[PDB]
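Shown below, as structure tokens, is a lone chain in the form deposited in one PDB entry; questions about how it binds or moves come after it.
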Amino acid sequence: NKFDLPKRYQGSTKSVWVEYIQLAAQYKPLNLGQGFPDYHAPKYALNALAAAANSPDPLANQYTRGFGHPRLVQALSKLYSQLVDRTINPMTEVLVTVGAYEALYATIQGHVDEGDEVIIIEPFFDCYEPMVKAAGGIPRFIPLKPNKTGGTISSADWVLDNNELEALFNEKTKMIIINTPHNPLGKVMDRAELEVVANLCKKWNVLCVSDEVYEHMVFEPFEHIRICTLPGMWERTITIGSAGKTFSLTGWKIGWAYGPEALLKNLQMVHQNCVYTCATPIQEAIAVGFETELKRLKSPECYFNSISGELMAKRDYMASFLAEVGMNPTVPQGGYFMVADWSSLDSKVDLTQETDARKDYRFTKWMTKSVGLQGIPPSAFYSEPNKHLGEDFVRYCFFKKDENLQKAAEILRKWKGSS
């Protein structure tokens, strides 16, 4: 009856996101932090939500099926069945969730017990660690590190030490979480890299959880490969996606996990007594969205195909202006984020009035308040022992109107050499 946090949440603090969203509302900077477009998503999707709101069907805005709206799961199985080349059962092998967030939540709560080890690759999407810890698991970390220095490098250059990775696998290893395309780097794992992970999972009987929200956003000449597609991997993989990312409608918060029925049963049990069901007219609108794209999967007008081309130009413009101004950027193989090492610009920043412990927090806060440009501190994506690996970096989002990417460039040009 002390109403302290229960032990499993012991020492929990507010996430980066709660802190930096609040920082954005307060200073109103050019917001290149959290990932979302600053322009309209596909009209066919927005139209479908207005249509569901306006539907003459009285069931359109009432409860739908708890493991997912029938029309959506059917659309999801149609698409992914083609992509993974097996027939995925829409009732048993798909679970619709509240964003990729709740799919990750239901997966971790579903398969992580007290003392189970979970391997996490740093830098990691930040929720992975607190979710494992809340489920009583023991995270085991391995960092990706660049094998090139100075100038602009590629996210391909950020690599695991495979001996170090092998070393982490033992009889206590329950799960490994991989994220490709990767947040924050943009790294897309190639077939050899997936093979390394898959071979260890098979040897050690571990569950692979593949966070693939950015699956449609890989840039030529690279290619998204699905690990559940590797030999023997289907039986031991759960794969996650997000309609917020697939359709660029981040405020809709609908995602999914797919995989064999045996593994999904555990997620269903968590899901059913966490939220139970997800928004009907939103899932309906997403279902129409998938139906729309399913008719044209190899067309240049298909949003799955067009987004990379849309994004690649903006990636190239930001990499250029970040290099121009003095940072060392990592050019992502997919996605809409880019990390840059800003440390060579340490003389143009006074971080003296900044209060927190981590340098990249001080840098990003200072830039927000002082110059009106918001990025995200990458040390948020590292375990405490390795936070130093992130401190010289900044993550920016380039999913923006060209006019706003130019605005960021000009802020940076003015800040630099206007000494």
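Positions refer to the first chain, counted from 1. We call the rigid core whatever largest set of C-alpha positions still superposes within 1.5 Å between the two forms. Compared with the form deposited in another entry:
Here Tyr27 counts as shifted, since its C-alpha moves by at least 2 Å between these two forms after the core is aligned.
Okay, that one was the form deposited in one PDB entry. Can I see the form deposited in another entry too?
Just this one chain is shown here; partners and other molecules are left out.
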């Protein structure tokens, strides 16, 4: 008891991640659970890391500026200044962090004090709730729910109850966390939903935290819209991005938070006495990535532009083979995850020997063991009392080699064909 966790980690769980990493190592299924590319990222980013390691400058591999590598943050402000259509100060309005993860951490620790209520949308990215709780905050959850059922559906169909949302704000609301494009639904919030959240933030003096890591992977004909761009919102928005999702190099763990300096000062105090600085040769390589892209921004071969169409064909392909097998897929407006409703297969599969509390866990582990195809359970992304809303579903990642996609389609075809 003496050396037990401090109180502020009451509800403290292992991530669903570990146990599925262990299951995939044991049975070696066709793995649709990892939210990263089967195959290699754009070379030029990669080449830049090799160049920074090989650099003739002795300081390329020594400590860099704590709030962001200079060359890094100059490029960030260039890219974002054009997209948010104001000039972002690279030195005071941009903070570089150990992924979008540590950006989320600096923000939540910097702006959530004991008892502040933070509004979270379900299904949530996994870190959201434990970070709120560790900061002494109180989570307030509200789920996105399909406004239809059967085949045949879009991530725009998953919506909040507007009245519910409204009643969740009061003079105790410190913060709201919105994630768009949404993990794992793929829902890209349209102007009116953003407008809804914006109008509630202004009323209630709430800080909006905008997790825009999949900013660049919105599918035609949908469009990504930043909430820090809406009226009066700049002053009350921290927007978060990630190099790992921007350049498909998730093992690089560099991200950023941008916003007014008044909001960012809070992150800085947390950051300097948490990690202090980030890796120089990686930030250097990302700065050269951004510089390569900044030269050809309007151009189709810009990775920010190209990546949508690269994914879309796999998006469409997966939605097809999952519908073929008897699921109803939610077609994502953006990103690379797909949520599919498998419940009409529940009479065709034997979950008897599966011991998890939740049926999506049973189903997704049975599928690994029985036919060698791994997905992830969406109920791991809900607050205990709402877990029932994710049990009919499964999460698959389609950022995969065309041949591995085709193998998943026939593992499923041949499972159905007999049964």
